[PDB]
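> Got chain A; can you put chains B, C, D, E and F with the ligands on it based on the hints?
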Amino acid sequence: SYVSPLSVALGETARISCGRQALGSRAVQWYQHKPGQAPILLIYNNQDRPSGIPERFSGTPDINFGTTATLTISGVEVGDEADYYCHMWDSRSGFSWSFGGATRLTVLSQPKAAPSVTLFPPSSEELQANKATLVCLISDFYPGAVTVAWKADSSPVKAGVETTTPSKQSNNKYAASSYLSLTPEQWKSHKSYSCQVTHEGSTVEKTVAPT
Amino acid sequence: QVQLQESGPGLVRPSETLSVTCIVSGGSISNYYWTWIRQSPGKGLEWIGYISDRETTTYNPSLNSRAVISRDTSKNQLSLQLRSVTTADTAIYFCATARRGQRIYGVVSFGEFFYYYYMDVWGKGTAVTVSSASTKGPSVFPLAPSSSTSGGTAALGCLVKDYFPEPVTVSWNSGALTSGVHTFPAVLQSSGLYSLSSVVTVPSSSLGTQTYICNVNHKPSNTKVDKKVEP
Amino acid sequence: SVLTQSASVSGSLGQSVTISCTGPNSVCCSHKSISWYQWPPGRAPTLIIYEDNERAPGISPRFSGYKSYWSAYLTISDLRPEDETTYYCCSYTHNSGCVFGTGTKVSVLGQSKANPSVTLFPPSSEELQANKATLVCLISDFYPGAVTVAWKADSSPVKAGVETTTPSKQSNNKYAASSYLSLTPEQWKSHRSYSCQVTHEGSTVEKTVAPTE
Amino acid sequence: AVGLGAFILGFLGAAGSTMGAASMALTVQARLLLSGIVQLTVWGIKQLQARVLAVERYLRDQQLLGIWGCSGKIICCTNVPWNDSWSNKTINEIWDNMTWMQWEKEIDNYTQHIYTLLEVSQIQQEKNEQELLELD
Amino acid sequence: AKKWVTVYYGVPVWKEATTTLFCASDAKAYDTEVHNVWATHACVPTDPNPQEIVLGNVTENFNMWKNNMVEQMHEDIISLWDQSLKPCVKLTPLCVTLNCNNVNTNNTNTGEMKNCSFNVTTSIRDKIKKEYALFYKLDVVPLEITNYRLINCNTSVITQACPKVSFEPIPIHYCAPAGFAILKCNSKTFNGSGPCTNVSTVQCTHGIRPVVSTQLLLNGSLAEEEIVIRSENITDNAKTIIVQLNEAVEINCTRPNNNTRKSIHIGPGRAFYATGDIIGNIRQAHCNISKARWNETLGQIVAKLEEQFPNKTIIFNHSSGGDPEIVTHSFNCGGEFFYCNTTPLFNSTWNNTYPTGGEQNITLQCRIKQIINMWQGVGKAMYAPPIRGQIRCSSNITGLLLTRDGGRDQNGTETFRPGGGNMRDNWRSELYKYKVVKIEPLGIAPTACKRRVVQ
Amino acid sequence: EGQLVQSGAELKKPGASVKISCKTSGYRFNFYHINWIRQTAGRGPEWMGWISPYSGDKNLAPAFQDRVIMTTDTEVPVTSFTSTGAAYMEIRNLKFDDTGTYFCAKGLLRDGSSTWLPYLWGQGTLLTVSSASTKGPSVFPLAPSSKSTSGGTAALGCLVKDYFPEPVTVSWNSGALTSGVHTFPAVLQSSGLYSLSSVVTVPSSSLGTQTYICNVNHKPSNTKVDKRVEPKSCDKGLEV
Ligand SMILES: *[C@@H]1O[C@H](CO)[C@@H](O[C@@H]2O[C@H](CO)[C@@H](O[C@@H]3O[C@H](CO[C@H]4O[C@H](CO[C@H]5O[C@H](CO)[C@@H](O)[C@H](O)[C@@H]5O)[C@@H](O)[C@H](O)[C@@H]4O[C@H]4O[C@H](CO)[C@@H](O)[C@H](O)[C@@H]4O)[C@@H](O)[C@H](O[C@H]4O[C@H](CO)[C@@H](O)[C@H](O)[C@@H]4O)[C@@H]3O)[C@H](O)[C@H]2NC(C)=O)[C@H](O)[C@H]1NC(C)=O
Ligand SMILES: *[C@@H]1O[C@H](CO)[C@@H](O[C@@H]2O[C@H](CO)[C@@H](O[C@@H]3O[C@H](CO[C@H]4O[C@H](CO)[C@@H](O)[C@H](O)[C@@H]4O)[C@@H](O)[C@H](O[C@H]4O[C@H](CO)[C@@H](O)[C@H](O)[C@@H]4O)[C@@H]3O)[C@H](O)[C@H]2NC(C)=O)[C@H](O)[C@H]1NC(C)=O
Ligand SMILES: *[C@@H]1O[C@H](CO)[C@@H](O[C@@H]2O[C@H](CO)[C@@H](O[C@@H]3O[C@H](CO[C@H]4O[C@H](CO)[C@@H](O)[C@H](O)[C@@H]4O)[C@@H](O)[C@H](O[C@H]4O[C@H](CO)[C@@H](O)[C@H](O)[C@@H]4O)[C@@H]3O)[C@H](O)[C@H]2NC(C)=O)[C@H](O)[C@H]1NC(C)=O
Ligand SMILES: *[C@@H]1O[C@H](CO)[C@@H](O[C@@H]2O[C@H](CO)[C@@H](O[C@@H]3O[C@H](CO)[C@@H](O)[C@H](O[C@H]4O[C@H](CO)[C@@H](O)[C@H](O)[C@@H]4O)[C@@H]3O)[C@H](O)[C@H]2NC(C)=O)[C@H](O)[C@H]1NC(C)=O
Ligand SMILES: *[C@@H]1O[C@H](CO)[C@@H](O[C@@H]2O[C@H](CO)[C@@H](O[C@@H]3O[C@H](CO)[C@@H](O)[C@H](O)[C@@H]3O)[C@H](O)[C@H]2NC(C)=O)[C@H](O)[C@H]1NC(C)=O
Ligand SMILES: *[C@@H]1O[C@H](CO)[C@@H](O[C@@H]2O[C@H](CO)[C@@H](O[C@@H]3O[C@H](CO)[C@@H](O)[C@H](O)[C@@H]3O)[C@H](O)[C@H]2NC(C)=O)[C@H](O)[C@H]1NC(C)=O
Ligand SMILES: *[C@@H]1O[C@H](CO)[C@@H](O[C@@H]2O[C@H](CO)[C@@H](O[C@@H]3O[C@H](CO)[C@@H](O)[C@H](O)[C@@H]3O)[C@H](O)[C@H]2NC(C)=O)[C@H](O)[C@H]1NC(C)=O
Ligand SMILES: *[C@@H]1O[C@H](CO)[C@@H](O[C@@H]2O[C@H](CO)[C@@H](O[C@@H]3O[C@H](CO)[C@@H](O)[C@H](O)[C@@H]3O)[C@H](O)[C@H]2NC(C)=O)[C@H](O)[C@H]1NC(C)=O
Ligand SMILES: *[C@@H]1O[C@H](CO)[C@@H](O[C@@H]2O[C@H](CO)[C@@H](O)[C@H](O)[C@H]2NC(C)=O)[C@H](O)[C@H]1NC(C)=O
Ligand SMILES: *[C@@H]1O[C@H](CO)[C@@H](O)[C@H](O)[C@H]1NC(C)=O
Ligand SMILES: *[C@@H]1O[C@H](CO)[C@@H](O)[C@H](O)[C@H]1NC(C)=O
Ligand SMILES: *[C@@H]1O[C@H](CO)[C@@H](O)[C@H](O)[C@H]1NC(C)=O
Ligand SMILES: *[C@@H]1O[C@H](CO)[C@@H](O)[C@H](O)[C@H]1NC(C)=O
Ligand SMILES: *[C@@H]1O[C@H](CO)[C@@H](O)[C@H](O)[C@H]1NC(C)=O
Ligand SMILES: *[C@@H]1O[C@H](CO)[C@@H](O)[C@H](O)[C@H]1NC(C)=O
Ligand SMILES: *[C@@H]1O[C@H](CO)[C@@H](O)[C@H](O)[C@H]1NC(C)=O
Ligand SMILES: *[C@@H]1O[C@H](CO)[C@@H](O)[C@H](O)[C@H]1NC(C)=O
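Chains as they are written, first to last, in the numbering used here: chain A, 1010 to 1220; chain B, 36 to 266; chain C, 11 to 223; chain D, 607 to 742; chain E, 999 to 1453; chain F, 5 to 244.
Chain A with its partners taken away, still in its complex shape:
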């Protein structure tokens, strides 16, 4: 159905259990998938890894029946955090079409990064089109749990607010952006507009004003 979460400390080795365990001799594949990217398999035969895969990953061969197919990851770092699928191929079951239940690996006690908030006023050409939108961009924050509150003068906006759910980038930090749709007359009315981004206990505020 859905994904199974897993939490591991940084640098400490880890193991990932496999659902629907085999009933006989089995050949399991372990796929490492990151959202939006191409899935990479680490272990095609339970003990064999293709060229390029690092030696930190390893799988449990089935020399004697009864062993459980787990995926061991030594030296857990930022890059290992992804979704892991366990393909199953036993002798008792028929054609195994589906992949195993996804396993959400999360690396713990990873240092938190302060977000880099960037607020942009609506362009002059956008005002000519009789529209106005405020772009508040958040970058390079690790704990993906930011709450974006908007402020017109000392008043919260609360309306026309659209915000993305945080998404990881290449730096393994998350990235989120908030959009505030306004009318060009309301933008010209107030003195200044503020974007408040609360990250963990902290809160950063950027303010922009019309020319």
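Take these hints with a grain of salt, some might be off.
In silico DSBU-like cross-links for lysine-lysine, where the CA-CA straight-line distance does not exceed 30 Å [claimed, not checked]:
id	chain 1	residue 1	chain 2	residue 2
1	A	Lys1177	B	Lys262
2	B	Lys110	B	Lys262
3	A	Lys1043	B	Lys254
4	D	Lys711	E	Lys1000
5	C	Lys199	F	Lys23
6	F	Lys236	C	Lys217
7	F	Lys223	C	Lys199
8	B	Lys196	A	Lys1167
9	D	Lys679	C	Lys77
10	F	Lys151	C	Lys179
Read the hints as simulated data drawn from the structure, not as lab findings.
This is chains B, C, D, E and F with the ligands only, laid out in the frame that chain A set:
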């Protein structure tokens, strides 16, 4: 040494025949196996079907009804076609080069061996959406530099207004500038359209004569828009 | 042979006869057994007496044995025509092979006379073709022993090419003999007749063939 | 020839040898003629009936040797003459050219008759005269 | 010079007669004492030292086909079996009908072990349970919901052999009672029936294992030098051919399925044992025979078959004319009764005496049952309780059983069929050398010895 | 009550070797010794030796201890008390005085003081030692001759001439005519060749109902002669 390239419409009306193409440059199609894997949001990966090197199909029993897979001999490309699609069929489509193994737990003559497959090579993956709604081309509004941080670091960028076709590509100076680029993910507004932003961090000394131009290409709208950004 | 028997002996019909068997003390009788055999010439013998006196199985009680410290004896009682043959004794121990004797030929007297049958054959025409000529005089069924044969060419004796066989005993306890006269066809054709003269001690028989017929 | 207690010919050690040869060692087939001396299953009734058959056949011979004046002895001579109608061979032919086997096969015709003659003409007559002679 | 009768006690005189022989089996003493059916230790232990007495100058005629020792051993096995089934559980209330599903298995391109579910009245008579079990296909036949019943329920009753008794053969010795003795042949190439040159006598026969088997024989006595082909009538096709091996060829049979044992209460104090859910890979029981060793053994058998037969000779064909129990090589190992397909074992074609690159180990598949009517014994069947864990065994094959085709009135050369015409022939394969006789120790004889005059 | 049958007569050259066989039947071949006894004209009957088929032991006379090699075969069982066997005797360095008749003989008793004493004897094997070569005979017909005019009997036969190997065999009508046959011994010519005659006495009236054929076999030369005796006789006494 094998490269896969997925190409397709990326947007199909419901209850219509989706099509796609998987271009291979590494070797011949008649030597290895191929398969198709889609990625729907909120759900895990799904294996829909595979084709052999002697051209023999085999489909997932749940999609068995509406899927047909073929491979071309002249062109190293394998085509996928799905009939009566719905907006659940909307997903990131991966073609992968599969190869075969033989697991034997006993004597070969009395059966006792089962075939297992695994895809060692994957393509980049193409996105396909399914919705009755029409195509909406994006309009580009430049984000002027605030003139931002000490030490000379300043930021500008380009705003891409609301569009429904989800995949959008953004470059800068036709791919001449790569440092400081950070294209953020699009937001699905209540309007039913997506909107993204692309910023570039550059020093203030070169912020005057930069001649920075962002290039916003877009495929479903068939429109390529270039916008100049100046203070 | 060092084991000496009587060279000959004779007895009357229905009477008894004794044969001797003696030699040196190296073949002495005290420490060795004596066995007797009936050995007709030209046939296989038959054991009549083994380990001295005891007789072989099937032997009639007419035969009896006796062994003294210096010699052994074999007494044949109630003589029959078939008892007229040759006999040998044997000296042996348990692990030493047999030593045969010199031999003894028994003659039964008080016998009935049998008239001789004489038959003379001329040489065949196929034999005269190859330049050879042989006369065959066959004699059979004479109980009296030792026959004499004489050949004659035109009532005159012949001496070249005469071959006479020894007397042989017939299955009917009678006797038989034969004689052959080898000649050249000139001698055969230049004579009026040839004759085979068989002479016994009681009567002489003559048979004559003629080349003319 | 003669073994002085180490011949180990054994049970039926000389059944292919001459009658005079095997006759010298007849205590071997005498002790070993009753060797069975040294739970409802089939092996119980098959064994208990095999034991009682062995004891019953042994007691048949000693029964006959008892009505023959021979109970104690293995070899025992008699007083009934040997009619030549039974066999016509010599004492050198029987005991030095025949085995007990082919010999018994020649006199098997007349055995039951000899077994009668043996017990009436002797031992029965002897005990009657042994009673009369010792009376005075 | 006068002859008088002299009676002798102890004469070497024997006669051929029949007696009720008994058993001899060495002592097996252990704390984990498991009683044995085929050779119960109720019979007297064998002597610590065998005593064989050679009989010089003896020429005795042996006939293995007229031997009464076979007819008795065959009757001893039958009665020994029933005594072990009487005190064990009989499956009479288990004739209730069964709804059965085929075993879970991926079809590579059917299933025989199967699965079934049925009712069972508990130890209490009014309560009713419902459980599952796994019964091989040959043991059950359908009546129409794919309802099923046991193969024997319309025929006769069935009794489950106790799990304490073991189905392994241990050497048995046949002793003749006192006053008798057994005569044994020793000729290296002793024709079936005829005169044995150099004979001996023994009280108890050698260690013979009572192995119930079909077609090829196992754990027998190996004759020396060249092999031998003993037949009652080599000219009559209806007469069974018994064959003997000189070198021991080995057979390797296993049942790879790692089954389990479920104890069901079908009655008060009566625990019916049955196969639990299978564990591990699904597999079939096979038997392995090195072809390099069977090729030489086959090449020697045709030579002795080319001696009893003309110079123009060919080879054999297999297994037609009876029930599927006769068709397969049936035996026992560990406890389960196998029934192997002997098609690949006799596959060849020789002329004046098969594949050159054929695989190393000949491998035959063996269907397993659990309801058996052996020795053609109609009536109360026997249920072999399932064996825990994996089964592995290895035996030596020492003999075969063939049968001529039977040409109608003319012969296109000649073919042979492996056939077990009778269960008794498994005892003739080891009771050919033995024969029973009775001792007649009474011998009248004439001597010059007249007992003392009556005085 | 058994029969001993020895091998046929052989002709060897002096200095060569010869091996004689003696096949037995009708008794346990392992129970009795096999004696070998020869008889020549110069020394009379001479005992050579005996051999045991059961133990393999042999005793040879010192006169033959250096030239006789005796061997036996293994008995072939027939019944429980009878069998068939074969004994061999090999003599080397043949001389002219060795020419004579050779016998094999069954033993007497199984035990006792005379266990080997020759008791049952074979038919004897004729051995001739000569440097001359084999010569076949020439058969001539003997015309019928009168035997009794009043009795009505006649005599006819066949003549054998100039055959070197001594053995002689004559039969009549392929063995169907055995009554009245009278075969005469051979003559020793001064040349070394032998010759004899055979005559049969038949009624004179038997001329149109019976066929008379004399069959002469000379096996050393491997020659068979079947001569038809012409029944027309020259005797005036028989013509009457
Ligand atoms: C099955 O049936 C067969 C019948 O065929 C039985 O064989 C017979 O056995 C009996 C009893 O043993 C024999 O009776 C004896 O025969 C003796 C003659 O042979 C023995 O001794 C001679 C001596 O050998 C030397 O001198 C020879 C001079 O002739 C010379 O030739 C030789 O080379 C030697 O230099 C042996 O030649 C002979 O083989 C045999 O025994 C010897 O050999 C055997 C086997 O090789 C060996 O195992 C022995 O150890 C031994 O070396 C004769 O001497 C003897 O008489 C004396 O003793 C008896 C005792 O009974 C006494 O009564 C008598 O007064 C003398 O003192 C006695 O006659 C019989 O010949 C055998 N017959 C045949 C045909 O073989 C066999 O035993 C039987 N088997 C069983 C198990 O029962
Ligand atoms: C392997 O085993 C077989 C047995 O299956 C042995 O077979 C022997 O075959 C011979 C063939 O000749 C049998 O001889 C036959 O005997 C019949 C009667 O038996 C009595 O007489 C014999 C004499 O030999 C005794 O042995 C036996 O105990 C009986 O007292 C005769 O009637 C037969 O002759 C008749 O038929 C033949 C043709 O078949 C005619 O020519 C005759 O005129 C007559 O009509 C015949 O003689 C013998 O009985 C069988 N058993 C033996 C010898 O023990 C094989 O010999 C054996 N082979 C080996 C190597 O061991
Ligand atoms: C009498 O009965 C016996 C018992 O079965 C038969 O013996 C078997 O015969 C079969 C053929 O009928 C043999 O099977 C063959 O196996 C070959 C494999 O050997 C190659 O590959 C192995 C590794 O797997 C290498 O070690 C080896 O060196 C070789 O390179 C196959 O190549 C054969 O293929 C044929 O059949 C297949 C399937 O049908 C086809 O797809 C192929 O095109 C080709 O036609 C074949 O499968 C088997 O090995 C033999 N058994 C043993 C124990 O060796 C006798 O053949 C049979 N005789 C008769 C019927 O006359
Ligand atoms: C065939 O099928 C049988 C099932 O019938 C199967 O036997 C099972 O094996 C497992 C092992 O994987 C057993 O589980 C054991 O349970 C016992 C209970 O006491 C434990 O003690 C065992 O662990 C001990 O041994 C370890 C060995 O290193 C120790 O390190 C540990 O500290 C313990 O001392 C273990 O958990 C299970 O009980 C049996 N089931 C039975 C016997 O019914 C067998 O493995 C299968 N074999 C094949 C080849 O398929
Ligand atoms: C006669 O039949 C007998 C009966 O068995 C055969 O005798 C057996 O021969 C073998 C030969 O290898 C003997 O084996 C060896 O015996 C010796 C002595 O005991 C022993 O030390 C070895 O360990 C081995 O067992 C065997 O003993 C013997 N059997 C008996 C009962 O004596 C024999 O082959 C046949 N042949 C002849 C010619 O007699
Ligand atoms: C069936 O074939 C097997 C082949 O393995 C035969 O096995 C043999 O058995 C004997 C008796 O146990 C072994 O002899 C013993 O070996 C042990 C272990 O080394 C040793 O300690 C003893 O002193 C004795 O020598 C023999 O080694 C073994 N064969 C091999 C090759 O090892 C078995 O006899 C055959 N059975 C039949 C009925 O043919
Ligand atoms: C049936 O099973 C038996 C036993 O399980 C197999 O017998 C085995 O055969 C091989 C043949 O070489 C033996 O190998 C031996 O190795 C030893 C040690 O290195 C070496 O000294 C010998 O010379 C020989 O090479 C092996 O010992 C033997 N037994 C066992 C217990 O392994 C047989 O191959 C099987 N037959 C089939 C499956 O047809
Ligand atoms: C040995 O293997 C051969 C393999 O061919 C077997 O030959 C087959 O024998 C069966 C016997 O029923 C033949 O069936 C036929 O049925 C028709 C039905 O009308 C009938 O008219 C015929 O008389 C015959 O019974 C079958 O045709 C024949 N094979 C072929 C290819 O024709 C043979 O039976 C095997 N022998 C043994 C002892 O297993
Ligand atoms: C044999 O059939 C029985 C009856 O259908 C099976 O028993 C059920 O097995 C499932 C597992 O798939 C359990 O969840 C149920 O609880 C079982 N039912 C009962 C009443 O116990 C059994 O699994 C089958 N065995 C095999 C090997 O397929
Ligand atoms: C022997 O038995 C025969 C036959 O019964 C009989 O006629 C004869 O009188 C008997 N002789 C003696 C001495 O018993
Ligand atoms: C029995 O003995 C007498 C007396 O010598 C004899 O005439 C007869 O032939 C013998 N019979 C047998 C069968 O031995
Ligand atoms: C007695 O034995 C002889 C010889 O074997 C036989 O002729 C006769 O029939 C036998 N008599 C009886 C009554 O058995
Ligand atoms: C008995 O079993 C049958 C199927 O085997 C089932 O349909 C029925 O309900 C059962 N009855 C009970 C458990 O009372
Ligand atoms: C074997 O069978 C044939 C044919 O039926 C028959 O002629 C012969 O006598 C039989 N021989 C034996 C020993 O059974
Ligand atoms: C072999 O048997 C065939 C049968 O066709 C025959 O032609 C040939 O003569 C036989 N040869 C020998 C040596 O037996
Ligand atoms: C079979 O053998 C016979 C006799 O040896 C021979 O004549 C024939 O040619 C052979 N045929 C084949 C196909 O081998
Ligand atoms: C079996 O033996 C025969 C004859 O020795 C030979 O021709 C054949 O190739 C052998 N086959 C195998 C598989 O060893």
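> Against each hint, give a clear statement of whether it holds in the structure.
Status of the hints after comparison with the structure:
no.: 1; hint: A:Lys1177 <-> B:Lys262; result: 28 Å, holds
no.: 2; hint: B:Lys110 <-> B:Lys262; result: 38 Å, violated
no.: 3; hint: A:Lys1043 <-> B:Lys254; result: 25 Å, holds
no.: 4; hint: D:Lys711 <-> E:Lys1000; result: 23 Å, holds
no.: 5; hint: C:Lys199 <-> F:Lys23; result: 50 Å, violated
no.: 6; hint: F:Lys236 <-> C:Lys217; result: 20 Å, holds
no.: 7; hint: F:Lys223 <-> C:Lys199; result: 36 Å, violated
no.: 8; hint: B:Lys196 <-> A:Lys1167; result: 21 Å, holds
no.: 9; hint: D:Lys679 <-> C:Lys77; result: 39 Å, violated
no.: 10; hint: F:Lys151 <-> C:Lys179; result: 21 Å, holds
Checked against the numbered hints listed earlier, the structure breaks hints 2, 5, 7 and 9; every other hint is satisfied.
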